[PDB]
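Asker: So the chains spell out like this:
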Amino acid sequence: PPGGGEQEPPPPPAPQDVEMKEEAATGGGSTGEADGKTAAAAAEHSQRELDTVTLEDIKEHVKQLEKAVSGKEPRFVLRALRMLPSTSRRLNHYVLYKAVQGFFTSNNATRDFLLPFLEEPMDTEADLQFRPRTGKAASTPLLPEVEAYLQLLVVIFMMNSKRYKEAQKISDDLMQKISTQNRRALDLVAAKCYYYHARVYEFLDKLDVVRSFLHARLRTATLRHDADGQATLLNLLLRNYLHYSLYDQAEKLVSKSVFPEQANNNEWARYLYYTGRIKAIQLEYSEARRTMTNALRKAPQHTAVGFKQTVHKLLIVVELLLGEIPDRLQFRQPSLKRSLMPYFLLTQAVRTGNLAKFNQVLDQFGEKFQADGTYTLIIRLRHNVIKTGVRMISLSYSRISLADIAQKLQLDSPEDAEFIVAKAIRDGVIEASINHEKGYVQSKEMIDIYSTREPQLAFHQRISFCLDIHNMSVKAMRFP
Amino acid sequence: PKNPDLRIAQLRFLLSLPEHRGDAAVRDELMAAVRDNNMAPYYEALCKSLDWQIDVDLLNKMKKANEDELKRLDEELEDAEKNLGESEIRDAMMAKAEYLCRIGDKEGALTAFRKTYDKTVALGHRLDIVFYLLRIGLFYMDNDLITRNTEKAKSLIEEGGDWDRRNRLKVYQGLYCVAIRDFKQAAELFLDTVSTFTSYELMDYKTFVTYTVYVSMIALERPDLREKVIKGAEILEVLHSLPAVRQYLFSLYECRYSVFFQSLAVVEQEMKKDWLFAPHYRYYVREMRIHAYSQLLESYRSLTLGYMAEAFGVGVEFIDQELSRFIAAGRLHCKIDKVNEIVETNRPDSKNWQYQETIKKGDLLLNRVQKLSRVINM
Amino acid sequence: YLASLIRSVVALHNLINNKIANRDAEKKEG
Amino acid sequence: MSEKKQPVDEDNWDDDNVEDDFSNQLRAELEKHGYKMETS
Amino acid sequence: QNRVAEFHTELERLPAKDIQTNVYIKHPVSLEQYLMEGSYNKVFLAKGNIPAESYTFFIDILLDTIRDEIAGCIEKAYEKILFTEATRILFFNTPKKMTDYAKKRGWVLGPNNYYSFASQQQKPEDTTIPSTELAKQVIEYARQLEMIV
Amino acid sequence: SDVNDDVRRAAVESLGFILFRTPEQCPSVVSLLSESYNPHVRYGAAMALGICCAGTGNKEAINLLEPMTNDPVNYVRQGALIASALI
Amino acid sequence: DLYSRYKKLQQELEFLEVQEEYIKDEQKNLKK
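Residue numbers (the entry's author numbering), protein chains in the order written: chain V, 18 to 497; chain Y, 12 to 389; chain Z, 261 to 290; chain e, 1 to 9, 40 to 70; chain d, 109 to 257; chain U, 608 to 694; chain D, 39 to 70.
These are computed hints drawn from the structure, not numbers from a lab.
A couple of the hints might just be wrong.
[Claimed, not checked] Below, simulated DSBU-like cross-link-like pairs (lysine-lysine); rule was C-alpha separation at most 30 Å, straight line:
hint	chain 1	residue 1	chain 2	residue 2
1	d	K125	d	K155
2	e	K4	V	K385
3	Z	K287	Y	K382
4	V	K404	d	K134
5	V	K269	d	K134
6	Y	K382	V	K492
7	V	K38	Z	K287
8	V	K54	D	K46
9	e	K66	Y	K346
10	Y	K284	e	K62
11	V	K404	d	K155
12	d	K150	V	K455
13	d	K125	V	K385
[What the hints assert, rightly or not] Now the in silico label distances, taken between C-beta atoms and shown as ranges:
hint	chain 1	residue 1	chain 2	residue 2	range
14	Y	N154	V	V112	58 to 66 Å
15	Z	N282	D	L54	16 to 24 Å
16	Y	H302	d	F115	43 to 51 Å
All C-beta atoms, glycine included, are put in the ideal place defined by N, C-alpha and C.
Modelling step: build the complete structure from the supplied sequences, incorporating the hints.
Answerer: Structure, rendered in structure tokens:
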């Protein structure tokens, strides 16, 4: 009380007011945009949703006593908002419920009274007119309730708040959907609630009911219109299958599902990581590494997000598999710098033909290699080491004997030296030929590029692609 | 007061980082420790070499009586005599500043520099203050304040001067040779070497000759390199003074690879006795090794290693594994053959190399324009 | 191949200047 | 902006190349020159 | 079945049952490791090593799916080899198996010499097939340097 | 497409004879044709706006014809004054 | 009012598909 009690009056009063005016003016701005000019493509629905991800999760984490988050439910318990005097009667109440809470105390939450703070706010003459207002005011208690992590009759209060909000979501898409279109708001609320519906299960069990409900919501979607609804519901259906053992259900999912080319640079980073993980495991490597690259160079405007740490983590693993030497010292950035020691030590022994060190690196860091999720190297790196040595010789030399390469690769068998290079040419490691007479392994023809149409094939991929950059940039720029 | 200080930091570096080299570095620096009133910057030299020795309290009361005499001198100057700007007050303040550099730590010196820098309205005094930061910034290898005062000199001071700046042309290349920037910028500004008298502003002239000649072979291969290192006059005399360096250039120019093999090893054992050779011991060798191979593999497309057994040096299998490490490095565009003993090169014809230069600079720009194109459009 | 490079930077710059002028007239009209 | 993941957190001029440290075999060039000559 | 894509996508449901124990699963992933390294000899020395049964119908399809690739790898621009090359590339000391390649395919044993048929064609001369399709590629550029009009 | 100015007038003057039943399209198509480069297409757009909307207070046609009477070409001012008199 | 709006959304669609056509056509002849 002498030390921290003086710092108790300054935190409530001004952030209680300035946050409430922002969400009410935007909530009033969402109202006028819902009432007229529903073309809200560049409107404040996005930036307010960009606020609700960032600010409300890093500013407040508890229910904010002296009536800041706990006081919004007795503030919003008495709302009708139907007729123009009835709204102005409620507009009289908006000033009065803030003035009493701003002066004095009104109604306190003691972490148990969530049932009077969720039914009577849904009740007491509420309507269907202000649907994002009812959508946000039901989703705003979802953040501090999970973030408290107290676990004393809290899961069923989460479970009731989900099933209520999911019942409110069905009543919007089916009943009176004329010019409301809250899908830009209701998608991320569906994403954030399922994260909590998974993690709270993941404290205790699995999740199967969350996905059978997710197949139904995707079934009743996908027929109307695809505007980031089908995009975000796809990855939630795909992240769980990648979380468990099965890959076949994800494989048939990624097979036939066309895309709306509209996900606002937030799902494109995520999805191109998942399908790059899928094409890695069914051994389609060249298409995998380029779309693993495409997600990484998409949005580098993140500070230790973990995702940029993870898509970078798999990208150096797969470029070892193609023998395409992922950058031997460029991947120490100030962002990660610590998730490279199990991998800079890995690519060291992969580069040389050493195995006793490579077995030492693998056995020492095997606990790390299982935890992160890339323990699919155990079968795929013994192939890489034995093909790295024959690739280095075929790149350096031009005409080597089979006895000379068999002693160079510490193999001690000049009878399967023909077998290694036969598998090298069959797998496409190097283009060469073996003369089965006395051990002639010759290289290719004299390299001529500029005289056999090869600059045309590279340039034709460039012309048609960069005019497509132009045609996409023309059909985005003009607005009223 | 800051003149015999480039040798001290050599002797501090020579004793500290190698442990085998500890015979003579303790013998003469301990003479420089008891001299010079070196009483703040020696505890890193004292704890890491010897245990302790009692000469400490004697010089501390001498430097305290010297400080308190200089404490009472300039306060009596400012309280009795009234002049501002650049006056008897000013050169007494830099006499305190040159006391804190030679004797004291850097922390008293840096706060006296910033104090007297706003007590200046001329430019030559401000030029000398930035001379003082840049001289102590090289003494204590600070890569932090050199990012400021070099810009503050070139943009706010070095516009009224007239050839009073060649010294910090030599200081910036000294920071460039020690950081990494020893490719083409170091050899460019080391081309003009017209300074013979050595002073506060200049280092040892003999070591400046060795530094300007080790770098003048990496920037330019032979676009008339012989005009600027052989047809010179002031550089030709001082390399005529030294037998090894004059042997080192002639071995590279007349392509005596058997003794250029030896002359590179004599330089490299000499490289350990330096105070800035850290990105040199592992990078200057392999660059000069791959430069000797590259001009040797010119003018020959059917070269044999049976001729390499006597022309370049000796040995057979060492050159084979040496060339194999560099072909697999990505460099030295040539092929090697074992059972025919023909090192057949495949150097491009100034088209296929130029074809690579469009496709490497092209997609590097293309990945830049898409990453630009996705940050925008929400 | 320059026409692929240059003309893509032309219309991209015209996209940036419109998307700056769009959102700034939008954020200051209300 | 979390993406539902986890964070865990010359030599220093932000330099290197592909090898730069791969060779460490005897790496002094006084011996490697000297051993080559005496085997002749 | 020669399903290398399906082989690895099944190996996720076993957490630590591949290395520590469970030789029934360890034996194929040791075998697949042998096919990727390139040691044909290690494949057939372990062919007489099974935990429970003889794996008879599994090794015979494995015997089938290798030799046709070995026959597929030797049917190249090669003209003739002696019996000792089929002693190394192929296997046993004159069984009925070399009759099977002689009755189905060629490889006719004559005067201790096999004869594998081989030829090559020649085509650098056709500028004509990059004449028509290049003319399509140049016009579809100039079609698209305009037409958003 | 055509180059004679008379047929370009009689093309754009024919908008009123075909769209007089719905007055909600004639300001949508004249307003971008009444700012052409030649006076003839600006002329015939002005008469089409008057003969489409006969006697309705539009305030949009009157908005469009307000710069039409402020033009340096004499006869395109004439067609603005008649169309203002018709509306 | 569920059928009278439905034809009006078609006529606003069909006019706008014409109104996007000739302005796109005019831009060719205006370059000439």
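Asker: If a hint holds in the structure, say so; if it does not, say that too.
Answerer: Hints versus structure:
The suggested pairing of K125/d with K155/d holds, with an alpha-carbon distance near 22 Å, which does not exceed 30 Å. With a CA separation close to 20 Å, the supplied pair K4/e and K385/V stays within the 30 Å bound. Restraint check for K287/Z and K382/Y: satisfied, since their Cα atoms lie roughly 26 Å apart, inside the 30 Å limit. Of the pairs offered as hints, the one joining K404/V and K134/d holds, with about 23 Å between alpha carbons and a cut-off of 30 Å not exceeded.
Pair hint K269/V plus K134/d holds up; C-alpha atoms about 29 Å apart against a cutoff of 30 Å. Pair hint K382/Y plus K492/V holds up; C-alpha atoms about 18 Å apart against a cutoff of 30 Å. Restraint check for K38/V and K287/Z: satisfied, since their Cα atoms lie roughly 17 Å apart, inside the 30 Å limit. Distance check on the hinted pair: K54/V and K46/D sit about 18 Å apart at the alpha-carbon level, within 30 Å; holds.
This hinted pair checks out: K66/e and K346/Y have alpha carbons roughly 23 Å apart, not beyond 30 Å. Note on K284/Y and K62/e: the hinted pairing holds, with a Cα-Cα distance of about 20 Å set against a maximum of 30 Å. Only pairs whose Cα atoms come within 30 Å are accepted, and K404/V paired with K155/d is accepted, the gap being roughly 24 Å. With a CA separation close to 25 Å, the supplied pair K150/d and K455/V stays within the 30 Å bound.
Note on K125/d and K385/V: the hinted pairing holds, with a Cα-Cα distance of about 18 Å set against a maximum of 30 Å. Remark: the range hint 58 to 66 Å for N154/Y to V112/V is upheld by a beta-carbon distance near 60 Å. For the pair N282/Z and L54/D, the supplied restraint of 16 to 24 Å holds, since their beta-carbon distance comes to about 22 Å. Between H302/Y and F115/d the C-beta distance comes to about 50 Å, which sits within the given range of 43 to 51 Å.
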